[PDB]
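Here's the letter readout for the chains.
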Amino acid sequence: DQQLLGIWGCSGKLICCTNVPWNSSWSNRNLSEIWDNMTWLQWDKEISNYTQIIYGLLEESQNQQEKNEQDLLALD
Amino acid sequence: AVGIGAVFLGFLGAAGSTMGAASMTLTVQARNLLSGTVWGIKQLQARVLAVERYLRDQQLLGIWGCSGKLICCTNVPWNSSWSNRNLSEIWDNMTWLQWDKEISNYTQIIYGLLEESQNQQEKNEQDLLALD
Amino acid sequence: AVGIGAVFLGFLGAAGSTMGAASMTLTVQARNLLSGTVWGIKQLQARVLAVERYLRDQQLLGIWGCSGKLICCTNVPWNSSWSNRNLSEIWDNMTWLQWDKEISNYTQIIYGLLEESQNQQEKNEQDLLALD
Amino acid sequence: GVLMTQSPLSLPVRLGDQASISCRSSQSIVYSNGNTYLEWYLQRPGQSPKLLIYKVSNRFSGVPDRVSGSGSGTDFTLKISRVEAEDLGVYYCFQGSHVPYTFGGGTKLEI
Amino acid sequence: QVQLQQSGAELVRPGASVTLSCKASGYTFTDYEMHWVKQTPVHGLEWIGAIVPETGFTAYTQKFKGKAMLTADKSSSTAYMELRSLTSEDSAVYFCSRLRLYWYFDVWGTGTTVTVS
Amino acid sequence: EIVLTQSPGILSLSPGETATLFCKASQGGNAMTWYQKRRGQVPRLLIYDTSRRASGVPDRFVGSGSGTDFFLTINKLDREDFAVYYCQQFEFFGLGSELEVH
Amino acid sequence: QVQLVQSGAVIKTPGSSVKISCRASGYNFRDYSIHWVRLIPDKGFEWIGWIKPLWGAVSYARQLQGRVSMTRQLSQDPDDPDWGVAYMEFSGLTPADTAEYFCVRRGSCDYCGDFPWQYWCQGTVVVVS
Amino acid sequence: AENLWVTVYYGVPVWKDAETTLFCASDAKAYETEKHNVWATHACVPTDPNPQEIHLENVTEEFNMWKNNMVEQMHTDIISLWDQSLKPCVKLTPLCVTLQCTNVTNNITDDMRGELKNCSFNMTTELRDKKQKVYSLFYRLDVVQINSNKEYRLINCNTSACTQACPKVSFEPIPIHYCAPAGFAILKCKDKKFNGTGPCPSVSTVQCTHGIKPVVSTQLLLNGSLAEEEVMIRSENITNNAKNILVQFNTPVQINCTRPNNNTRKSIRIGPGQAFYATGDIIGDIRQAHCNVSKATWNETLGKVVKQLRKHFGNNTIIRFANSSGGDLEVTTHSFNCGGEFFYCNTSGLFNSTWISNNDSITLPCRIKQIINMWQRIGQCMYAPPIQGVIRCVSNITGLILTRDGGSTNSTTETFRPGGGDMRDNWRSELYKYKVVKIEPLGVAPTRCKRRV
Ligand SMILES: *[C@@H]1O[C@H](CO)[C@@H](O[C@@H]2O[C@H](CO)[C@@H](O[C@@H]3O[C@H](CO[C@H]4O[C@H](CO)[C@@H](O)[C@H](O)[C@@H]4O)[C@@H](O)[C@H](O[C@H]4O[C@H](CO)[C@@H](O)[C@H](O)[C@@H]4O)[C@@H]3O)[C@H](O)[C@H]2NC(C)=O)[C@H](O)[C@H]1NC(C)=O
Ligand SMILES: *[C@@H]1O[C@H](CO)[C@@H](O[C@@H]2O[C@H](CO)[C@@H](O[C@@H]3O[C@H](CO)[C@@H](O)[C@H](O[C@H]4O[C@H](CO)[C@@H](O)[C@H](O)[C@@H]4O)[C@@H]3O)[C@H](O)[C@H]2NC(C)=O)[C@H](O)[C@H]1NC(C)=O
Ligand SMILES: *[C@@H]1O[C@H](CO)[C@@H](O[C@@H]2O[C@H](CO)[C@@H](O[C@@H]3O[C@H](CO)[C@@H](O)[C@H](O)[C@@H]3O)[C@H](O)[C@H]2NC(C)=O)[C@H](O)[C@H]1NC(C)=O
Ligand SMILES: *[C@@H]1O[C@H](CO)[C@@H](O[C@@H]2O[C@H](CO)[C@@H](O[C@@H]3O[C@H](CO)[C@@H](O)[C@H](O)[C@@H]3O)[C@H](O)[C@H]2NC(C)=O)[C@H](O)[C@H]1NC(C)=O
Ligand SMILES: *[C@@H]1O[C@H](CO)[C@@H](O[C@@H]2O[C@H](CO)[C@@H](O)[C@H](O)[C@H]2NC(C)=O)[C@H](O)[C@H]1NC(C)=O
Ligand SMILES: *[C@@H]1O[C@H](CO)[C@@H](O[C@@H]2O[C@H](CO)[C@@H](O)[C@H](O)[C@H]2NC(C)=O)[C@H](O)[C@H]1NC(C)=O
Ligand SMILES: *[C@@H]1O[C@H](CO)[C@@H](O[C@@H]2O[C@H](CO)[C@@H](O)[C@H](O)[C@H]2NC(C)=O)[C@H](O)[C@H]1NC(C)=O
Ligand SMILES: *[C@@H]1O[C@H](CO)[C@@H](O[C@@H]2O[C@H](CO)[C@@H](O)[C@H](O)[C@H]2NC(C)=O)[C@H](O)[C@H]1NC(C)=O
Ligand SMILES: *[C@@H]1O[C@H](CO)[C@@H](O[C@@H]2O[C@H](CO)[C@@H](O)[C@H](O)[C@H]2NC(C)=O)[C@H](O)[C@H]1NC(C)=O
Ligand SMILES: *[C@@H]1O[C@H](CO)[C@@H](O[C@@H]2O[C@H](CO)[C@@H](O)[C@H](O)[C@H]2NC(C)=O)[C@H](O)[C@H]1NC(C)=O
Ligand SMILES: *[C@@H]1O[C@H](CO)[C@@H](O[C@@H]2O[C@H](CO)[C@@H](O)[C@H](O)[C@H]2NC(C)=O)[C@H](O)[C@H]1NC(C)=O
Ligand SMILES: *[C@@H]1O[C@H](CO)[C@@H](O)[C@H](O)[C@H]1NC(C)=O
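For the record, the sequence lines run as chains d, 1, D, L, H, R, Q and C.
According to PDB author numbering, the first sequence is numbered sequentially starting from 589.
Using PDB author numbering, the letters of the second sequence map in sequence onto residues 512 to 547, 569 to 664.
Using PDB author numbering, the letters of the third sequence map in sequence onto residues 512 to 547, 569 to 664.
According to PDB author numbering, the fourth sequence is numbered sequentially starting from 1.
According to PDB author numbering, the fifth sequence is numbered sequentially starting from 1.
Using PDB author numbering, the letters of the sixth sequence map in sequence onto residues 1 to 27, 29 to 91, 96 to 107.
According to PDB author numbering, the seventh sequence is numbered sequentially starting from 1.
Using PDB author numbering, the letters of the eighth sequence map in sequence onto residues 31 to 141, 150 to 185, 187 to 309, 312 to 321, 321A, 322 to 398, 411 to 505.
Isolated chain d (complex conformation):
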């Protein structure tokens, strides 16, 4: 798990944030209802249909961002 965070942007922050926009095709739900009604056990099943789609997108976003950062430092 520490490795799988290490290949994303979140090193050891324990509350990271990242840069993939949330596709509403999965959730189809309002904001505060998944911040005031649902439990995490209840949140488990609605995202259990699909996994490593999200994780592949995070790997792709970080693998892109490190290359763009190396290109930013390349002219530097």
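Worth flagging that the hints you see were computed from the coordinates, not collected in a lab.
Every residue, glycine too, gets a C-beta built ideally from N, C-alpha and C.
Computed list of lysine-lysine pairs in DSSO-like fashion (alpha-carbon distance at most 30 Å, straight line):
#	chain 1	residue 1	chain 2	residue 2
1	C	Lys121	C	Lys305
2	C	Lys231	H	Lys38
3	D	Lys601	C	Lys490
According to the in silico footprint, chain D covers these stretches of chain d (three or more CB under 8 Å from chain D):
#	segment
4	594 to 601
5	647 to 657
Residues from chain 1 shown here face chain d by an in silico Cβ test under 8 Å; the list is partial:
#	residue
6	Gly594
7	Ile595
8	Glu654
9	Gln658
Since the structure of chain d is already known, use the hints to place chains 1, D, L, H, R, Q and C with the ligands on it.
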């Protein structure tokens, strides 16, 4: 000969001096902390106790701000009720063995506060990137 | 069929090409490096040797500047006494196996310099935040 | 190599009867997930070779309901129930497990 | 539009080097693969290898590694061969083609007859 | 089959004057060893395979060579360091050299 | 250490058979081959054959087949596995066969191959009437 | 521009040659019969399917089969696992005892000899007071004469007490897939023409090896791996003779082997929970176990390997074959296990040939020992249990193991002879394709970027 200053860079050679040895020795003690028919079972459990004890310490830094820096500066103010000493005396007169007993009465007060300060700072930073 | 492009993204698939293949594949070799009655004892000591070997490498990145970036960058200038080569010929004419032997005559000069440069940078950074 | 051994090559097949063209591989063609990628070709003299089946069983889009592939491990047999004049000519095998892929020698359907 | 506009019939004297051209169309090159299959009366269908055109990721067989070269120009949107040491067995019919990843052959071109004489 | 031929064969040298023997092999691509047999005693390997000398061997014996041509240079010899020398490929032997005290 | 002991010299009548027992000790006898070499005066050395004591796999020179034979005896006890015996039986004697015989072992090192020997038995003279 | 700084990339594809342990994994077909049916049903994990046998390009690695590891540990692994399937079974301390033997009922000749001895002996009961008289059948190769009457004893009783194998466990081969743990890789040469030594030009990594079955045989290794197209000989140094010569050919020679005799097992209780499975009566004709091979296929497959052998020795060379030069039993003949019983079968009938530089079958008779002494261990034997009925098995002769006679003195004939010797030369015919490398990531490289403050 090999000389005198070589054992300054050795493992735990810095422990006799004051903090000035500690400000340069810190890679060495961190380095030698990790690398090491029925006897193999006891050496195997001796090895896994070592790596478990290392990874507890990396975790206990990781829940604070100090990720892997090995020198880390955090944001709680020092309460002068504990130390009650001048600045340069605890940075020129004392050793860390001598420092240990003077803070041995009180521990996990500081480790309690350092959880809370980072836990609050991540919330306010989440708010700052939330409005951004 | 599965095609040619799948083995570009396989484990160690980029080893035969130049760096441009290896500039993108770096998550895969990092991934497969970890996940794996007397026979249980022998495979158990194999597993703990594997994870001890991994954690030595995470430690050795920890004492340098880059904690978990996986693409570091740092601040020692490249001494041209070793390379004696043009730029893109070590980006397009060589492989990493071919790059291994040309830096195998000398090692840990670089690993010695990186520790010293990071310790010096932490010292100057501590002075910069100390005046702050 | 993983070269295919075709049996038989020449099959003079009358119109309306069945046909069976088998291949035997040197190794197993099991891809590293479970789905072997087998293919069967067409050929007329003067046309580019095109595909009938792209699996053990599942077929190319546009192929009629007379051609079927079957088999396991190394032995993989094509079976055509009713043979027409379009079926005449050279057929092949094809692998998809790991590169480099090997074609066979060519199996001619005749009359 | 989904086509493989190949080169022409090539009556090549031996010892020469041949630059073939497979102008593929219907999609971008950056989507899917490019492939080359021979046609000899000795073997039937033969192999050259395969190319990925975004980076230039090439593979061949043992029979023709070091003999043929695969290059891909991303701007001109063509394919290429660079044959070396043409022999009498190399007189063949070349079929440019496309694979997708985890799929089959969509398109099959005309077949360039390269005879070595 | 494979013919081995020492050179110069019977030699004549006083003590002190360093020397070099040379034994030609008919076959090529293989690597020889050497032996040192004194007056009526048990023989003794002193160098194996090209240049690797065995145990209990002073380094003043140095052998080398390539192709079909193998040299053995003896330096700083004694009147007791002299003995009969043989060279060996797999089981095949040479007829030997000898360095007469002059 | 490695020790190699042979038997004593012998007068033999022509056309008879001779036996020579090379005894080895100081090493694990089940591992290394035992070779046999002869020294004829005014002929140079000459190879004879080899044996592997694990199963008695033998191999002989071509110009002496049918005449020579080899056996071995292992040590069968859990206390002294080291000592081993090799026997040579040599028949069809001529007066040209009067010579000196040696039993040898391969050198113990890893990179030294099959033939370059290290240790030598003290040699046995065989003399034919 | 020329002020290049350095970066350390982690996870760079690069390796070294190293040596480590491995990990076995067996297929699910061997788990369908369970509970100590064959060995390593508990010692190995069940396999993951279809390992990631992917390719690699522009790459060349020198290999070796001769100074290769992972065969040096397998000869330790199979022996160490072989010992584990014996210690839960019976010891034969009470059976080393005086025997009273006689010939079996048969028309016996004066010149030729029988091969079965009917022996009676005292034995204990379950109780300690009473004793019993009981009889069995034995072979000539297991009794010696202790010295009117003629009384025998067992052969191995003056060196070691013996272990009966439990009749529930079997010795049949099963597929074994070795696997490398995390942080290693297994490379595989995929070349056609490749003599096993020197650089392979087309490597391919893999997660686990393919099917590796363990057999036991000295000459004429069985159920092996087939060659791709041609017939390949392999050796370390062919001008040397002290190393064996592995010959691997393409078309497998079918071999039938049988014992036509019909047995009966007979349980003798030695004590509490003890069962000595002796041989009961023989029903029918006392016959000799033998094997058959086809004449024409063998005459063909020698014709292939002579054409292959003439590449290293000049075209004008006489090649001939001969019986084995001698030694102990199970290196002159060839041995195998056929459904739980060990044969030793004379192979003079194959290697009787010469080759000039221009419906029937072959029978060959066998012998059956009951106690084995495999790997020539000082404190070991294994009484095998007799099995019921007429027994036969069918196999594929696939490779040979040869040895040149290294004679001096001006030879055109270059004779070849079989020979088993070490068991490891069986194994090197199976693991010659692979090698084990060790991933060392964290390379280092100059580039043009500078980390800021
Ligand atoms: C080289 O490779 C070949 C190919 O595998 C091996 O040949 C096989 O050898 C095994 C063991 O020697 C054979 O297995 C045995 O088969 C016997 C015959 O039974 C078959 O046929 C009956 C009738 O249809 C079926 O009911 C049955 O399922 C079999 O298909 C069995 O009787 C044997 O079982 C006996 O042993 C078990 C052990 O637990 C006892 O519990 C049983 O009660 C019974 O007594 C056993 O299953 C196999 O048949 C061979 N294959 C073929 C095609 O014949 C060679 O052995 C191998 N070479 C070497 C040297 O090992
Ligand atoms: C029988 O044949 C085999 C293979 O054909 C042969 O094995 C090889 O022998 C050589 C010795 O010549 C081994 O040593 C190597 O040799 C190469 C050059 O050939 C060098 O890279 C190394 O040795 C060099 O360095 C030494 C340092 O002083 C020098 O003394 C030496 O002369 C060389 O300059 C390297 O060690 C080689 O390893 C093996 N091959 C394998 C795969 O192991 C074998 O020697 C032949 N049998 C006999 C008795 O010669
Ligand atoms: C091995 O030797 C034993 C020696 O005891 C043989 O056992 C005995 O065999 C004889 C025949 O040779 C049996 O005698 C017969 O008994 C039947 C029924 O009792 C009787 O009708 C006959 O007239 C004759 O007397 C005897 O019973 C038998 N004893 C035992 C304890 O089995 C045994 O047959 C020999 N085995 C072989 C394979 O030859
Ligand atoms: C290879 O072939 C040769 C030629 O036949 C075999 O040599 C022969 O071996 C047999 C058995 O060793 C000899 O038989 C004799 O048997 C009697 C029985 O008592 C014994 O007293 C004799 O002393 C001898 O052993 C036979 O004489 C012998 N041939 C010659 C010409 O001497 C050889 O055994 C074969 N190799 C193998 C491994 O079988
Ligand atoms: C039982 O077997 C023994 C040994 O095989 C027989 O004793 C001799 O056997 C040899 C070879 O079989 C014959 O040449 C001798 O003539 C036998 N000696 C005698 C005195 O016969 C013995 O004959 C066999 N039969 C019996 C009833 O004891
Ligand atoms: C089994 O044990 C019996 C009991 O001792 C043995 O019978 C004796 O054998 C000896 C020696 O042959 C004779 O001196 C005795 O006279 C025998 N006892 C009787 C009562 O006659 C017998 O020999 C043993 N072996 C077998 C095979 O039965
Ligand atoms: C196995 O093949 C390799 C190369 O294919 C052989 O190595 C070369 O052999 C030639 C002649 O046989 C020598 O001239 C070279 O010097 C060898 N090169 C090296 C690097 O060894 C090797 O000899 C072959 N071995 C056998 C037993 O056939
Ligand atoms: C070997 O001997 C056994 C002795 O039992 C034979 O088994 C018998 O076979 C016959 C023939 O069908 C049956 O009628 C009997 O019932 C069987 N006996 C038992 C106890 O089951 C067996 O057939 C023999 N082997 C061969 C090949 O004939
Ligand atoms: C080994 O035994 C097998 C037993 O099946 C033989 O296979 C069959 O043998 C018969 C002979 O009567 C043939 O008529 C069959 O056609 C064979 N079966 C097949 C599938 O070919 C095999 O021939 C024997 N081999 C030898 C060398 O004797
Ligand atoms: C292996 O088979 C051969 C072929 O029969 C056996 O050789 C024969 O042995 C007998 C004596 O036992 C001689 O009379 C024959 O002359 C031999 N035949 C030939 C062609 O020489 C040989 O004995 C068998 N092996 C064993 C160990 O017995
Ligand atoms: C021995 O090798 C032969 C190769 O000819 C094997 O025979 C073929 O095996 C495959 C796979 O099991 C079958 O699909 C073929 O039908 C077999 N051919 C024939 C003619 O039988 C055989 O399986 C191998 N093993 C044994 C025990 O014979
Ligand atoms: C066991 O007995 C046999 C038969 O005489 C003999 O050859 C062997 O040497 C004996 N074992 C020992 C260790 O003496």
